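This view holds just a subset of the chains, kept in their places.
Chain nomenclature is as follows: A, B and C, assigned in order of appearance, with residue numbering initiated at 1 for each chain independently.
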Amino acid sequence: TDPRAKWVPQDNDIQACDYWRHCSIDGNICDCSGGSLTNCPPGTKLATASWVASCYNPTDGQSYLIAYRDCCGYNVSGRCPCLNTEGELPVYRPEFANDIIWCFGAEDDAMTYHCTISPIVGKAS
Amino acid sequence: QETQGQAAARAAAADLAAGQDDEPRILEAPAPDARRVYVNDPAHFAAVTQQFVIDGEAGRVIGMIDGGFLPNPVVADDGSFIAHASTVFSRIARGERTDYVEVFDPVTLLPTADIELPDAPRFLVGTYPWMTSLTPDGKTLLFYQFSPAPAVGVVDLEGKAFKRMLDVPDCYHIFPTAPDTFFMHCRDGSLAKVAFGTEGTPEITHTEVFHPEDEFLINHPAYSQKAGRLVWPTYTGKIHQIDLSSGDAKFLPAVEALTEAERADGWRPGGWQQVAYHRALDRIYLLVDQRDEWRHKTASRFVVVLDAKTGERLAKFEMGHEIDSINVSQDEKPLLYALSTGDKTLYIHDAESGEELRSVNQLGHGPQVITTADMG
Amino acid sequence: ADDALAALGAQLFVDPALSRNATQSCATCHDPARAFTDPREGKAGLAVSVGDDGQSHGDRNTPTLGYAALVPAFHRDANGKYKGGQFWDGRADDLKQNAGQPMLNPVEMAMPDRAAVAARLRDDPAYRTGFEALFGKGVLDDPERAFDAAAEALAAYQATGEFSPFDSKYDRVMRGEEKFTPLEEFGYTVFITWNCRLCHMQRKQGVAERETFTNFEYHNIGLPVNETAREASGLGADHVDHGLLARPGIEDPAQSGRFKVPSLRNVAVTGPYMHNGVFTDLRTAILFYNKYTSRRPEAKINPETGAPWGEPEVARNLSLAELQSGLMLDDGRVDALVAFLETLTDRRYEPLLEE
């Protein structure tokens, strides 16, 4: 509710902006437009590019690396608009930046932003 | 109790703990069913528009389709495909206009056909479901042309090409009855039967004048194609019913949706898709509320249900929200889809009791048109 | 049993009596001092290894045996994508089936048959004792049982802590025993954000307990023929290494040109690189990937030769979806990737960590 308050992760609702894996998500939660937590809605294209954040998981007290990926080729869904910035560095550190439309490598050269997925790729170290 | 976002978090947690690996990919929208619903968003005349694909059972958006300027959605009844006639311009809302028809695969949502319409022929209007229409076989699509004169464009979806323009009298809307035949509504107060061969003038046959000059029939009549039933309300609540299954128009008894004391106390139909019609149940659903005669497009808080044959009111539901458009699934124990343009929410109700079960919010900017499939 | 079987493999691994002229052992081509690879020079340099006759050369680079015990047996998952196995073309199911093939191959250890191997084993009193304790009496009198026992011993030796100790810097850093250098950490970050992760991580998502930096899949990254090695192999100018397709029972022409995604552990010390040892430098291996992404002319040039990389030996089935990321690795990111990959060196090869 308080936009400026420290981000409080939770592992009990992914369509919520405070879901632990969305700790550096920008745009829209794919789950809310026909995708899932780690998959793209139909018709869109899965970008091969990604950015990372270390998100704390309060279920197991371990921080995990979320290599976010965009689903592209569609107008923005307009459902579950979210903007979090845990460990989010500026554009010049692109691998931690999230204003970028990370749609690169997407099939059929799709570069419009629809939504973003939050898959784990490792642990914090 | 548990929302679809909560159950997802629990699945992801177990997958992590268990160490289940899994390949990120493009989901397939689940198989199309009667409970799937499409909510178009004309976006208050925006140059681009969004159609949401929604699973009415789960109350979940299973996919989306992007559209152009006031595109006309058409969902094939058998759920084999969906399509719209849409209008893009070369520079957002300016420059060279390209009217095109796009067919989509109903699970991948990929365009399976992209057909250009010559000479920007689409009639542009606040979205009216039956200004663009599929023939029963879904091979042909028809769309209305108001300019330079009332006419109807023929598009071959199988051959994936436009055919030709059928010029016609001063008539409006399109209700296909066959692979070469469709009805329209004219100014004189008659309907027009329009049979179109391979080429030439179509075989234009007017019906009798079936309503007065001073009787006003709404822009959103319900039309079941498999029933051949045209449900056409008037401003006052009166409803015209036309059976087009025979190949010609039989005019059914003029049914009254509102009582004499209700119309006296200011009750009237108002909204966008003011009327829905269940094929199997043969029930008419109508948005109504206490309003002045010239507030006929505003939202309504009630929905009266009446038997299409007899006209007996079966129930009146307090919707609990400002509803602009209504529609129904054509399966048994159907859902009453209630679309608030203001709330941008598809309130999904039980059509038996009118109780709100769930709601899909954030459906665009000004969602107006609900479209179901008649699969069963 | 498990302790002693590996002990017999250890014996066999270094025993040159499993070669025809008695000049060659596993250790020869898979040297424990070089991450179980061949330090020897041939006509194609270190690209391909020389057999027991001292003349015959392979057509492929001798890979490490380290962490080869982590690779699932060859299989095909529901995606229709093959995984696991042994050999660059995965023609061996697993370490046990693999082990026999060097011994019999005329261009390698060149023992005429399984009988000749068994006759060598009998002549050692140590084996008669050791083999007969694990596999029972008479095991050495039966060529099929003797050959296969030796193989399993060799597989068992390869599964021991010795071959997969996980004492690389990466491993220590993933425990918090020590930290990455900033360059390594950037290298790590790039590795897990760029297309590398798509092919050189055990998993698509989640975490791996014993990561060896390969999805064990088969891809054609579009490598040219290594002409020097191809010439020494003597297979000819018209020969095309079809990779996975050359595995028996793989007919799918979409697998032509595809090779097992190698483990990147000890990669710093196991050059030259790729199946045909075509790149001497670890850096060239990384730069090769820029040919699918970079607009710049330089990206089409192999830095080691100054000439174009070359026409892919097999021009079809390239993993363009993965390879054409639309993002070119600058030299900074390459430097970082090199640094990260150097951290995958096993502890006892950190001394060997050169160039």
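The rule is simple: contacts are C-beta pairs under 8 Å (C-beta built on N, C-alpha and C of every residue); 3 or more make two chains touch, one makes a residue touch a chain.
Can you tell me the subunit counts for the whole thing, written with the labels shown?
A x2, B x2, C x2
We take it that only the chains that are shown with their structure count from here on.
Have a look at A-B versus B-C and report the one with more C-beta pairs in contact.
Per the contact counts, A-B leads.
Which whole number of Å gives the spacing of the CA centres of subunit A and subunit B?
Each chain's C-alpha centroid was found; their separation is 35 Å.
Approximately how many whole Å separate the CA-defined centres of subunit B and subunit C?
61
Residues of subunit B touching 2+ other chains?
16, 22, 24
Listing for subunit C: what residues touch at least two other chains?
204-207, in rising order.
State the interface residues of subunit B toward subunit C in the complex, per the touch definition above.
15-16, 19-24
For the complex, which residues does subunit C have touching subunit B?
Residues in contact with subunit B: 79, 203-207, 209.
Considering only the defined contacts, which subunit C positions touch subunit A in the complex?
The touching residues are 173-174, 176, 180, 189-190, 192-195, 197-198, 201, 204-207, 321-322, 324-327.
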